[PDB]
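Q: Could you put together the complete structure from these sequences and hints?
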Amino acid sequence: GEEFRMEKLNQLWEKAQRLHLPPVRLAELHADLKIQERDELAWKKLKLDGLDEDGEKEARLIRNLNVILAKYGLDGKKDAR
Amino acid sequence: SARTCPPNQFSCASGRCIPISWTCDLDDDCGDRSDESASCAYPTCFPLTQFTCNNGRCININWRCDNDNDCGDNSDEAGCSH
Ligand SMILES: [Ca+2]
Ligand SMILES: [Ca+2]
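First to last, the sequence lines map onto chains A and B.
According to the entry's author numbering, the first sequence holds residues 17 to 97 in order.
According to the entry's author numbering, the second sequence holds residues 1 to 82 in order.
All the pointers check out, no bait thrown in.
Taking CB as the label site, the calculated pair distances span: (1) A:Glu69 to B:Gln9: 11 to 21 Å; (2) B:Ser11 to A:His36: 42 to 52 Å; (3) B:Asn62 to A:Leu81: 15 to 25 Å; (4) B:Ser1 to A:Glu30: 38 to 48 Å; (5) A:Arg97 to B:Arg33: 31 to 41 Å.
Hint data in this document are derived by calculation from the structure and do not stem from the laboratory.
Heads up, the beta-carbon is just placed ideally off N, CA and C, and yes, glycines get one too.
A: Here it is as structure tokens:
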């Protein structure tokens, strides 16, 4: 809504719920999502300003995403399944 | 000065410069604040390259990737997307 004014986070948030997950996981996930939310928003302005063109900030995000993927396993058809 | 950028592009908040195709697309830039919805009034989100996500939502038409069927009951994939 007012906090999540981006469908990118909205669809991902509900996806986890549709896969059925406990509140303890949803809480951590929601927190983790907030870290990515603000990061992407900041990176967007940064890119326009010309702060990150090599893709260092995003590379850092990917590394963190690896932790998230190995923690919540929210991928789909990465190659075969 | 004008500070509005050529017609092929557009000027972000403080009279910056961003390509026209960045306004109403799916990415949050900063035309007004993020030039998303609160700019073009969002006529069916974007009738350029759009696909319909979860029960009638609007996502990038090129979100297929895996070559299968995306959103419908669940999201497109959220795997090979980003
Ligand atoms: Ca945009
Ligand atoms: Ca897909």
